[PDB]
Amino acid sequence: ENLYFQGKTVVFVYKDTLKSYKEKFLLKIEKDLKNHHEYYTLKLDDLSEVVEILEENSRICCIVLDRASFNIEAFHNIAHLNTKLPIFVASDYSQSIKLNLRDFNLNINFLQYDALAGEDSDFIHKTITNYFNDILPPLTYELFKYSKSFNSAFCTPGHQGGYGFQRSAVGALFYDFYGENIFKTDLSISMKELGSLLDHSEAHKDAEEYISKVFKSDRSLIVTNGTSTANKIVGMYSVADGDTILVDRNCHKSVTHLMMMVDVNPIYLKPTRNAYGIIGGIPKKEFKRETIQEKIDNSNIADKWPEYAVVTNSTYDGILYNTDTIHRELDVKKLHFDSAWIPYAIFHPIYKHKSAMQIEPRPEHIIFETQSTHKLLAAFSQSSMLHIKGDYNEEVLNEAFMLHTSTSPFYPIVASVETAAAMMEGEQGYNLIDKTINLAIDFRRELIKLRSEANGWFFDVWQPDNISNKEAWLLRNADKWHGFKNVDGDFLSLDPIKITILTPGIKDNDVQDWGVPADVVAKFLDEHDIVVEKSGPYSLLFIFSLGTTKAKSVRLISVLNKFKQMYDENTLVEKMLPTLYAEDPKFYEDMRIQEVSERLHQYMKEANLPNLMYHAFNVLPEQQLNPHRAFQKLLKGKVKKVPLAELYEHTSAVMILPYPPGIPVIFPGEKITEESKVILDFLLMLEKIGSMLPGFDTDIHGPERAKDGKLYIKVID
Amino acid sequence: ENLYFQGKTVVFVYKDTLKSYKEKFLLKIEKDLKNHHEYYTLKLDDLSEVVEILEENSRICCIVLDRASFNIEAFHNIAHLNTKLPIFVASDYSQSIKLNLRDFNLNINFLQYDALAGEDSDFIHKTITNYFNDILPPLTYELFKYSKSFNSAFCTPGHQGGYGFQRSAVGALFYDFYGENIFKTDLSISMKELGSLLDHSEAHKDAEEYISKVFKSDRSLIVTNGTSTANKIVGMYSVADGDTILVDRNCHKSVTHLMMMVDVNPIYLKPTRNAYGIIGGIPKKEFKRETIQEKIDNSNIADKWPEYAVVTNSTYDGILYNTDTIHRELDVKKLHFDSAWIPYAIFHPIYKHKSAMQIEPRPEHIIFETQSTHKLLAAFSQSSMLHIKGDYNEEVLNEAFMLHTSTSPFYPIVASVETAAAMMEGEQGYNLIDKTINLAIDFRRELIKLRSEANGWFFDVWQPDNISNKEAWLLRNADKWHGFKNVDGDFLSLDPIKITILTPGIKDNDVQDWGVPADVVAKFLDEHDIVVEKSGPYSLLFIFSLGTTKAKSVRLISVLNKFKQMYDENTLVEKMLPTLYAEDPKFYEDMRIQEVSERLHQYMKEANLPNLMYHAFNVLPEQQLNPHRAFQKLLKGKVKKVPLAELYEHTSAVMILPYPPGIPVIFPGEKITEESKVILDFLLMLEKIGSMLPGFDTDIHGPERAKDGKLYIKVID
Amino acid sequence: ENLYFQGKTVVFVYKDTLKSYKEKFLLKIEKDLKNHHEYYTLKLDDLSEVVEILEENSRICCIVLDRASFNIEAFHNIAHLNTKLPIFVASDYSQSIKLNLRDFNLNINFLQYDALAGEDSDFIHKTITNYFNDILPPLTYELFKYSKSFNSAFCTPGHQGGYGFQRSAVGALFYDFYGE
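Residue numbers (the authors' numbering), protein chains in the order written: chain B, -5 to 711; chain A, -5 to 711; chain C, -5 to 174.
Some hints could be false.
[Stated by the list, open to error] Each pair of labels, with its calculated beta carbon distance range:
1. B:187 - C:43: 39 to 45 Å
2. A:120 - B:552: 55 to 61 Å
3. A:451 - C:127: 30 to 36 Å
4. B:96 - C:155: 52 to 58 Å
5. C:36 - A:451: 38 to 44 Å
Since the hints were derived computationally from the structure, they do not count as laboratory data. Built from N, CA and C at the ideal position, the CB exists for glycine as well.
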């Protein structure tokens, strides 16, 4: 009923050179399907074409085939693509079934050639509208259905289903741009038929339970203000001010944000990295009981054994921890994986024992997985899931949920995250991830195959050498490709779908004589309309998601080796990078691409930046004061602003966040000493290097550029 | 360029009986406007019709009139409706201008009757597409423009502009339902052309500054997780754990939520109310220096004079404080109005000195106004503004902003709140509020005019007797209509647009012999598809917003006196309230509406509920422990669960929230004693009364209904 | 849903010599009602004609009238003929209600002259299909609904929903005569 695809197509596939009366039959119900309830139609010669189309277009919503075109193979493939898809086999009184389908569960019905044709046309339409109703998840379906009502409300939201946008001109332009339905599904608790999110009521409860069942979770919660909010919910549930928490040193901005409002003391788990500035794994040693007890003794406050653990898995650049090996070693009852970058983890075999929800909670221990559903699944931004496992307290976590969830949640986002769960439900999800995985691996192999053919220099991939078999490849001490120190046997895996491209300039995780900085590649990808996830000094991160077709990757390939063409060409910066040229044409007057690149590479070789960034994040500065209490001193006022140089031997009042590499260097309350001088040297270097060449800049969040230009940091008391 | 209204109409208005060659001229450019760039057209007889249409339809985007139809009046009225609206006056070489337009600034150009007609059609199209570009606010326009690009991205969000929803069927149904553009404008910071929200960069800054200028604010911040989040931002900026805060006792759920994670002690400002359970104003006395200093001495913890003040203005039911009179009396430097229910306040004269932003911050004192833009303007849910005033610290509030704002904000919501500012910009906003105000007053006057004619009983309005003049009427001690105690001269105003309907049953703010409970009216409004904002035991709240047409109010009128018709009819509960009847037809077998209603009224008269609710919220229970520390005890575990009866003499661990009236009764950490026995009596009464009649229920958030049904509350230690 | 009169007619009655933009409004939703879900339309000059027609034809299933043509008498008579019959009054931002209707229980909704016309056309269609569902008695409605299912039965009666009449010629003539 009025809820269906945009391009509703029904695929007629009967073998060409049918009988005359069977052709008239299938065409009568084709016209009938068109002229009643506005369908679209394809005609094909065999079912093999349909399975091709289904892997690209999913707005086909029925298959009616003459029995001649019946194919055992296609039905096996259609089975593994869409079990609910309506199928119709038209046959006369002559032929019985193929036995393969006894077991196979498709939505097959059988028509007989006869007088009644428009009857079948109505029969087909019904089983289609059933298919359309029976594919939305509960709350989404409920929400969508409500939209079609006409309610005449005197309540919130104030736009009251769109009527408020119509009164003004700019309102009308906004309304038309975004579409009727987004406003008609913008409801509040004042429309009681859906219940509440914070209450987990009629519709919402059904949605929350659905998601939990889908992700193999004991209990799941939907969050409409990003994983940043989900992380804080977990914390304020697990942690009361006073006890100690175990923190991944390479954690999200939001982890610190949580620490900053509860009087809690962290010990950080020292992770590895390479000269590229790629986040590595926390070695197993750090998780051991003895390492924890010792680090507690050495911390300043350090109440006792941590009640709370937060480890980011996977890393931004796609390294995966074995979650089984971690839980075996971590005797912390509230341990929380920040799995923002792997909501798909639980749906593919290659991630066996690499997602939180895969482990059985140890007796009276609680597991938390926070996932950013929008980050790598199909959902609206700000939409996130909170999966928990084991014995838990609804009475108190509901309050922790209420602490951060708004009282007027935006229902389309609620629907969107539930719908993303329904996308992953069943072997539907497996194929969805399998595609993006196979595509990524193809891009990896296709790029090194180009490196072989390539003359002179060429790009490279941050991956093992042998990637023949399709797995999340395991890092090994032996191989120097990852550039990490002391990695354990069978602990770290590489996520195939996260492709890090490497530009010449890093030999043995240190500086290089000749190179080509990544910044001059990123800009060239930007000139040719390509958006990169992250750009290192010599690396480049592309994330192949379920929204990445092979065509996109061919575009990426073609522009990439074109950059080499135009760089070996040594074309003018004007003709090659017009945006960079336009920033200062006086400076780039007759400059060519090689001059610009080599001058940037020279200044990094002169600054000795790679191993500076190495030793900067490989030391951990003396923690003087609780991040919470450091922020509190900002409020209370006891803090003074002194230049970056004078940060030495003082206690930082705010977080410092340099780009590159886009990683917290120091948290609020920590202090730099002789031991941790490395980080301040790296910072002061970023200043000089960030100025020199126009168009290539540096940023450090936390300090303040004054009138005089000098950058002061606020230090405590 | 490809950004325009849906029904782009251009109004031709030339006086009937034109000249033959002038007729053909205007028609040649009408056809040209239709067949090129797909315009729609109206023809009218005089400009007076146009001003009528413009006040109902704002997708007319040009007016081309023959000079005969020129009207001095209409052009003054069109001026006060849309100055940017393109106007075209076609005239021959015969007539000079009317002088009125010297002052008036319309978008008038002048055409001359001649050969070149299609030229003018192109000239008209340009000045229209200029109008379409020049009405969106900066970030919204920038966001909308980006949608039209084709970027081939390998970044977040994972749906990558919608391409991820296409791979699956349920994805496609979700994608089609909501529309292409909502996904193409779902961006991240990874597309650097817009900058960041938390950074307040190129596009965002322009939007943030625009809003601040629009609402007459020193500095404004946009919030994408509701005012609930905005409130917490304000708090964690203004408050460090240890000092005391001044709280409106009738505050939002979110105010407490803020208190629960900062170690802060509140003193509550006792507000008034009536038997109906309508939230009243805090009397001026409570704000005085002596009342504050005294209540501090009397509190348990009470560090010192509060650094932070939070008062909710307006009330849920539309009572307004004089913000000037408050700031004069409250020597608290960080004072924060929770103006969720009045984002429109600053745009209409009747709210003079009733909004925060209207007062000059006292030297070194900071003012905060948090507004729920979605609550009573045209914006998406979760969208809220944070307006501040005076000397402030960006370096620290940026951290407070970052503490609660997600790292991946949903850009359409960002755009939506900025667009809502642009809707209010200029006298555009004045007329928008003036309409909803005049409509409200009309509904009020027409309803009491119906009460006069009405036979026997009828509804009433919670308003003064004399409402002849169009003002925010001021409450007076003398008049018994508001039922409040000790109201000050010129302190409390009634917001016209918030209509509270009253059903018989409350005589002199106490019980009544005969009545008709509001619940049996709400259900009847629900049966007839009408959504109420809030329902009291004998009241009903309709909020007339800018999304409320007169047709809605006539629908509301017609169903209302129909309820009286069917109640005086004494129709069967089956035929009158089928949903209620269906819940238990065994019980309502042959019951009529009067029996059901009178039995409910009798049980409230027997329970003595109205004055029970009165004395419940008019006492304030002994605060035993900080709300923060009470919640912390849940985490730490020191808490036991005992039934509601046994809450007496114990310290509550969680907030209790009864419906009715939908107001916090006790906060975490407070304790009931003999003095505050009233509230627990009211609670235990709500149990008995909530059971008895089927379909009419009661709810109390905070306790827990067990297996046996009995409701335990968790009490501390 | 697919259960309705044969001649589904919707009576537009707006006073001749309407305003130009109000004429286009009611006609835009008249065409919209025709071309989507196949309605039939009458145009009349006053409501007095409608009460005449209702006492002869009961396949009119909605009345959408401009507020000019509002009539106190006809609404009292329509009340005593069909309380459930959908009524729609289109009016601009100018006029409040006549008090007679306070007591009278019709199926009146109110439209406002504005941009959104096809929206109202969808709003009208919904309140009509509600009227069509809400007039059959329980068992009749249940029986009628079942007919629209496709069940593939192996039970009694032996004709199994008509399929048995199709196999023979005389069967087909009997089936066609009496109807699916």
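**Report entry** Which numbered hints fail
**Finding:** Per hint list: 2 and 4 violated.
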